[PDB]
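Coming up: chain A.
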Amino acid sequence: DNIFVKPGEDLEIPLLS
Partner candidate 1 sequence: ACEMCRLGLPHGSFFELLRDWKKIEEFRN
Partner candidate 2 sequence: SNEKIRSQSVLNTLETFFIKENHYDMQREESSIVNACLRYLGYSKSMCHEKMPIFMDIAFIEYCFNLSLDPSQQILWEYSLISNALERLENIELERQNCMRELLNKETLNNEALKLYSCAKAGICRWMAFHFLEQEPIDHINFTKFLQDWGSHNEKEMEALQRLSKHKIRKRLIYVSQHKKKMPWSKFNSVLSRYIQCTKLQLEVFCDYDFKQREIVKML
């Protein structure tokens, strides 16, 4: 049920500051 994204991987990108 996970093949390419690994369980608990964070693919959200910090905004710039």
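Annotations for the structure displayed:
The rule is simple: a contact is a pair of C-beta atoms (placed from the backbone, for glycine too) under 8 Å apart; a residue touches a chain by one contact, two chains touch by 3 or more; residues count from 1.
The candidates came about this way: all candidates are chains of the complex that A comes from, given by their letters.
Contact annotation for this complex: of the listed candidates 1 or 2, chain A touches only 2.
Listed in rising order, the residues of chain A touching candidate 2 in the complex are 1-5, 11-17.
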